[PDB]
Amino acid sequence: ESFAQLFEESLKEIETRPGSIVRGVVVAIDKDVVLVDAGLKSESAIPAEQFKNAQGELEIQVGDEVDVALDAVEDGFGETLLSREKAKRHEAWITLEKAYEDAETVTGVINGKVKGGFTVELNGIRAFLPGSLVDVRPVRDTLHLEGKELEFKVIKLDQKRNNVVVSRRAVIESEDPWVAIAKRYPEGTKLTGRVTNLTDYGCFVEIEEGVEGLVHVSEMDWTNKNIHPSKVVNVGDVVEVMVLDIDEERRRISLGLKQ
Amino acid sequence: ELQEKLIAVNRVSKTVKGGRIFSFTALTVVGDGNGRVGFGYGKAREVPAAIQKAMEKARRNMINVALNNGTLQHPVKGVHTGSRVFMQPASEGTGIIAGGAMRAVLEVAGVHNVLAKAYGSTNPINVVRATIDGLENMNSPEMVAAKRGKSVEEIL
Amino acid sequence: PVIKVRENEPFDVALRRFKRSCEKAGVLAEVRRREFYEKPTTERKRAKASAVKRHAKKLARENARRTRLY
Amino acid sequence: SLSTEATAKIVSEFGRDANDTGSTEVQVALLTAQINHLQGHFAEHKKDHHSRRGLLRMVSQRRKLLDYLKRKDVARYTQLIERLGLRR
Amino acid sequence: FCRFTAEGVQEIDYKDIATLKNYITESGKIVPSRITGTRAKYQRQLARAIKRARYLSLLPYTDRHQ
Amino acid sequence: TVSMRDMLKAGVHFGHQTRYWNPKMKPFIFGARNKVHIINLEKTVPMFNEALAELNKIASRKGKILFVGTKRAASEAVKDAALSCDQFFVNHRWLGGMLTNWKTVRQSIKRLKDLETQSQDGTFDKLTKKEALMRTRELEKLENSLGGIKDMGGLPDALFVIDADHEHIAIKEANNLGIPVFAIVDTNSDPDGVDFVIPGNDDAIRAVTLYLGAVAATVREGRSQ
Amino acid sequence: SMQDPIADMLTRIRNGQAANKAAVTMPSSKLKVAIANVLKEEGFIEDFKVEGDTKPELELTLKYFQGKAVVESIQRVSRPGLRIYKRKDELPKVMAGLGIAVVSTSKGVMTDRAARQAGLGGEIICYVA
RNA sequence: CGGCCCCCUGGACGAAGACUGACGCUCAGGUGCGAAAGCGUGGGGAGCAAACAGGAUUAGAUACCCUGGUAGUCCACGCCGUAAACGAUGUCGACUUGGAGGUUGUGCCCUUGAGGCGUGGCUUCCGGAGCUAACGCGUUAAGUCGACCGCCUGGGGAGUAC
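Residue numbers (this note's numbering), protein chains in the order written: chain A, 13 to 271; chain B, 2 to 157; chain C, 98 to 167; chain D, 2 to 89; chain E, -12 to 53; chain F, 2 to 226; chain G, 10 to 138.
Residues on chain A that point at chain E, a partial pick, calculated with CB under 8 Å:
| hint | residue |
| --- | --- |
| 1 | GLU187 |
| 2 | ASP188 |
| 3 | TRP190 |
| 4 | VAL191 |
| 5 | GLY222 |
| 6 | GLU261 |
| 7 | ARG262 |
| 8 | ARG263 |
Everything labelled a hint here was simulated from the structure, so no lab data went into it.
All residues carry an ideal CB built from backbone N, CA and C; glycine is no exception.
Given only the sequences and the hints, what does the whole structure look like? Please build it.
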């Protein structure tokens, strides 16, 4: 009756758009496709690679619940964007938690700087930070035992584009993209960027707060022309890339991957 | 019980590397002398086969027509492609006053008395179709009554 | 496309950079375009035709894509 | 176009209520003034054809209005044409 | 992803040279609305501003000229 | 028989995106949540019930039901449904003119049967290796295509369908012959060919299963009667 | 410009019938209302409902029997361009009596049969079948 | 109709109100505007280029290609009144399923963000019913209707002769 109308606004009230409410129960597993049902119009074709943790093998059997993401509806048939990004929000929440007590503590282990800041990895994910953040002083973890255990003390974060440089060792110590496009500029600043869509000439890795990068086909590997970028890297994956070129005018930052 | 009239048979060609491959089209129409009519259009390399095919086609996909006695229930227009057809009910004795393909369809249908002109094109295949359409659309008094929520005496 | 060779920069690299700059400018293309007079009508026609082609590529092909090849 | 103040003035004079604005007579007056204004322009700029089209349209409209007035109420029309100095 | 919609500017200023400089080429040319993602309404205004600047020698017409 | 709550749980109420809809499904649609069309369960349920009843009735007079679903997600499930009530099915691609051109397809069926017999009952073996392989392949092909309908004999007296837009050929065939159609029809689909339309989510697996199960039950009931 | 209101109404009705619309609304007029009433009497529509004071809207409720529409055909006959007036003997028979012809007579608007019965002809508004 | 600036100037659209009160639609004759080329008189003349000249090509080449090159293109004021002046689709009004855009307003909404929900104008593409000889058109109709006008009646002769 209005039973159904009320039930509709009820079901509106008991779901939200992003990957927030851990609701999809894994109702069929087959390599290489997981699939859930979070109270959406259809079931997700999940990769297996959004769900294996830190050494390669699966972690969740039938009935298990992770939220995914949304705001994109129907490409022909199907429903979602991946739950792994979901996870990013959780990471953001832990990073935010720092603010409360002015100190987020986990483990951060940063061996080296792709682009001037040691890389820190938290749980499954690994992030890149600006060069200062790795060390509190001028200590430098190059003399430290390789891939050492500390935590991360945050030095610097870019707040829009996601780059976070964190503080290893020293426990005792405690319009918008395009005007100032000189931060990752200078010749070869390495970046960690998720690829988006590979347009048979390109790969379109673009992460640093509303920009566009290409890594088109010529570098990508150490073979030139026979490569076909879909075979050689991925879809949706955070990779090794650096700038090689910026035009701040005809917004074409032309990144590379042969480095 | 069913009567079947081959209206027309026409030779049609297909040009190929060698030369011309000829074939035959047969337009037939069948009816039970009551409401039921059906035309069939068959095609084959030889005539008789084509005719047979046409007949077969006709025999399935028939159509019912409401007939007030020997004639139609009211004047009815029917169109299909070029051929636009008018047919008008007529008094017992007058016979089927209609031309060509149109006549044949009427005869099988078991209309005995009509005044029927084919305007426009008179391409047998089209005209028969038109005729069929006209017959089909034609509603009876009872049917009209049913539609309108009335008795037959209210409509007259 | 004004360029200056940086200190301890290779020649080849510099050349490549220059080429890239030129490409960006679309200088060669521009030159090609202005070699001969294009009637306004012709210009219009090309633009519209090109647009049409683009549209065809975008939508029809997308529709095709939905259905598998084998 | 006609300046706001001028328009207002025109309305006040010819319009009975002064808030009315849409009175036939008032409308005619407005048209007439505009036409007068544009005469000066068109003396200068004889090849400004596009602009002249608008003027022509306005004139036509005015004529129509006058005609309407005539059939409805003759005296009023007469008065109007005395005021504005329209030959017809 | 237009800047001027977000800022919510009433009119683009030819005097605001720095802003303009983001939308002009290394070779001096005005950058397309595909690349910048500027809104159409604003884009025209921006172009106009640039032109004005060029007239006032605030921006250059081209890189080569002297 | 089938409750509303259960349907909701399954995900029947969900439909396709708003840009892919058919405006002939505007009566059966309720609203649009997050730019995705929601099917009206108040209008769906009674219709579904009616359909079920019809199916049962058909069964009761010894009617032959055909279960069509070539989505490949619910191919496994439809077959299962068919087998539960010992009825016929087409879980892989519908052969163009299966029903309209039965007399040709009857030959194919016969051939398949023969092949099966050769495989199983003969126990001859001793066959040239390539030839044998070929035969096996043929058998496989036949089984995939016409496995469910091999014991159908003639034409079915009703046709249950999991998606109308996907199986339009089948539906069309059923209309030409006049076989009653019982189609599950999402918002993108066309309901005009379908006799007993069922407004519901064709795509979601659980929903499909639910749809199948009730139907199967009803068929069984009819048979019992 | 709008030149023939009755005709327009008829057209609207036809379109409704085509498109399977339940009810068809339009600006009301006395003649139009009369026509609607006549139609109702003859059983081509379910009901008509005028609503409003300043600018009232006639709303007809169309009829559908066995899927298809009831108003099979509906043509204006008289029209502003060319008026048709018939004498009681010259009054038509639409669909050989199965349809009706709305005719405006001195004693109000009525079906052709009614007019004949009365013993008077007039302006032939529309055929309806 | 296309750099930028100023002066004079016509139309369109939206937002609310307020007013006028059928003043409307269409239009034979009539009047005006009407690309390019062309004409007249007076200016101008960089580039381009009918004509023309030479060089090639070719059987020939009164062409295509090359080197030159004058009317003209440019401005002023007159005339000409035609074009595949095309959407090959008269104007005005009403009515009839949808989707994806573009552009330009405007109302509300926490603009919590580039957004969310509407509501107007103009506009590009696809497609339903229906229509169509088919091709196709498809709420910007070639659908369903009304009002007015223009025009057609086999091909040629001929849009020519008088």
